[PDB]
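Engineer: Listed below, chain by chain, are the residues.
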Amino acid sequence: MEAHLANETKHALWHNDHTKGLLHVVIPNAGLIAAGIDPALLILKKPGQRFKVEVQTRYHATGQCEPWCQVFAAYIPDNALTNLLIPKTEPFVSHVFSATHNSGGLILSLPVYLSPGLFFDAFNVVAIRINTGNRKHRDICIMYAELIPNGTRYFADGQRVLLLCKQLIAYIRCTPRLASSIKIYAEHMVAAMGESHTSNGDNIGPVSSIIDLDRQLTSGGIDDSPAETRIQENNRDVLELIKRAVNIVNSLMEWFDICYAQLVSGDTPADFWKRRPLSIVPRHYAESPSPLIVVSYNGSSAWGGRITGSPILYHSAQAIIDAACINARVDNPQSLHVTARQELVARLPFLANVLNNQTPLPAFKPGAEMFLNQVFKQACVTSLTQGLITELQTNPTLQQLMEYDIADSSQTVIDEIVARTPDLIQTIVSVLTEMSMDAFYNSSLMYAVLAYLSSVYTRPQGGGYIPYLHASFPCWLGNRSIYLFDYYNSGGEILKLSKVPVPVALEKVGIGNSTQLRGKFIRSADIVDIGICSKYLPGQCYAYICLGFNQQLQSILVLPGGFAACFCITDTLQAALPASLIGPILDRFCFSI
Amino acid sequence: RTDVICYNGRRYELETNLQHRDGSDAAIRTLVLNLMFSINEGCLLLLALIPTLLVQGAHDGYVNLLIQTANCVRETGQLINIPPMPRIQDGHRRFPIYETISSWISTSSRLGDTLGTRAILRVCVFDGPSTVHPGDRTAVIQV
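Order-wise, the sequence lines are chains A and B. Under the numbering used here, the first residue of the first sequence is numbered 1, with each subsequent residue one higher. Under the numbering used here, the first residue of the second sequence is numbered 1, with each subsequent residue one higher.
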């Protein structure tokens, strides 16, 4: 609550560009149980990772994208509700109030669009980037309908403050200290709230005051709308006239604030807004039982605030569409009349880019990146296996050619692997329909392939392709420095063995004639979690198979046994996959300064 | 551009002389530096408290000693933004009052050092009165 408040000055200083309105959104941490990660490494533990969260938009057949947003936040464990609701009293912490097992919380920035032409629909999905493991990141994807539900909770917040104030008054009165002036002024203030409410009723009435969320997050969604206010005022006028007819024919916290400042002697950001009514905008879902509570400032003319009059309602954008749809009893606007299309274009300027049928795309699928990358990886792996099998079929010479450091007593089994090349390639071909597809869908190979295509088609309008931070650092100018080796066993069955590839140095000795390969190593003084598989000798029950790739999509076989094939698949990908399949890729993965 | 002094019934005459602009650049530079170093964030808070200040001073009596010379301060008080109470980014270890008073102390020390000639001359009188008179002779005492 402190970092966000400190960062709010950037949004406060903004005067122009009203299309990005920052607001406070609280995301419950109930879904973190299924994350399967360590919560200790998510707030403050071993600094250096520099975890960041980015927010980006996703358009549909229009082009362009938002240039991300540099925001960050931190979690808070151990009953965050207790320390965010009750004012901070760490020097004099005691048994104050009563609550059940609470949870944590987080604050996320989500820009909103405010303008005379407000409009509202559900066609945009907000993408959230998390700097964690790409394997089962456990992310969420929602449309714009949940972002703006057009509702607020203004009446339910009144009773919440009453329980807290009664509890604090009881706590103050329970200790016999200070002087009788505080007691007498508290009694006078209590009596001033009602004549028969206290003298003939009760002063405090603890009865069953238990801090719980039962009637706060259930009802009160649409209660202060202008139509509801008109109905309420009409009902109150009717009641007033009925009372008048029946009669005609029968047959103020200044002292409290001063005392609180004197006693607590400490302020928290969650106390200044308690004097004014708040707004709650929950948006729950069946995925996890946790409402998405949203708090909006009351002292500013932001979304949901009520300080000068009617707030933003996001209206005048649905009745016209409904009338157009019901005019011809056809839901699809594409098969409507010319007059309806003209009216829709005139009323909605942003809808004119869909009728002209520009930037064609199959249907409207914002979440196409997953299977698009899956198809690209499958095509690349099939091209690679076709190239390797063709080079193996057209491989000249036989057995070993160069020296190779092989022990005399261990060379009797080295040739066995080489003699089983048809079996190995058959197993590789057959494993494409047996191995799981969730193990190679977020590896470094797809990222390197995507970064390789960044050189071609550098935006329709241009761009220097200069990222700020947290980008493809290993793939900046060339892939010949960092290699990716995958270790697989031999025989009639091939399965994944390693977890993360480790680069292996390689050099050529001979500068002509029969080239020789001799791997080397580079001493690193920045990490110690390095496997010993790369440093293993070629002997000791043979070795693995390595197939490196450069920045030009050139693969060099490093299979032991004097066999080495060099094939390029840079032109096979373009032939099989045209340039019309990189639409969303260019729309999303692009940035300029 | 771009007199009579009375003290205990004594009038002193002075003759000014200003015909060169060699020091005008230095004067404008130092005054603009002082103005730039004097502006702080507490001025907005002070200007946003004129009604409370006048309410407090209505039953105090220390009003004439400032309004006899503040002929334009009152006029310019109503010609300012007068913003409502702002919200601080943090309410735990933030205090602009300390920063502004420290800046004022630093600027006052700087101006006193620049406008103060160094002269370590502290005499100590003995027996007779410390007040000197024209036509007498004294000694030198180092302190």
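Some hints here could point you the wrong way.
[Stated by the list, open to error] As a list, the in silico SDA-like pairs of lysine to any residue whose alpha-carbon atoms are at most 25 Å apart:
hint: 1; chain 1: A; residue 1: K274; chain 2: B; residue 2: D25
hint: 2; chain 1: A; residue 1: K20; chain 2: B; residue 2: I97
hint: 3; chain 1: A; residue 1: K10; chain 2: B; residue 2: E41
hint: 4; chain 1: A; residue 1: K88; chain 2: B; residue 2: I97
hint: 5; chain 1: A; residue 1: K45; chain 2: A; residue 2: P67
hint: 6; chain 1: A; residue 1: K20; chain 2: A; residue 2: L313
What the hints contain is simulated information worked out from the structure, not anything from laboratory work.
Engineer: Below or equal to 25 Å on CA atoms is what counts here, so check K10/A against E41/B.
Structural biologist: 17 Å, holds
Engineer: Measure nothing beyond the straight line between the CA atoms of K20/A and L313/A; if it is 25 Å or shorter, mark the hint as holding.
Structural biologist: Between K20/A and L313/A the Cα gap is close to 17 Å, so the pair holds against 25 Å.
Engineer: Can the restraint linking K274/A and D25/B be considered satisfied, given a maximum Cα separation of 25 Å?
Structural biologist: 55 Å, violated
Engineer: Are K20/A and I97/B close enough, with their CA atoms no more than 25 Å apart?
Structural biologist: 33 Å, violated
Engineer: Starting from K45/A, check that the Cα of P67/A is at most 25 Å away, please.
Structural biologist: 30 Å, violated
Engineer: Verify the proposed pairing of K88/A with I97/B, using a straight-line Cα cut of 25 Å.
Structural biologist: 23 Å, holds
Checked against the numbered hints listed earlier, the structure breaks hints 1, 2, 5; every other hint is satisfied.
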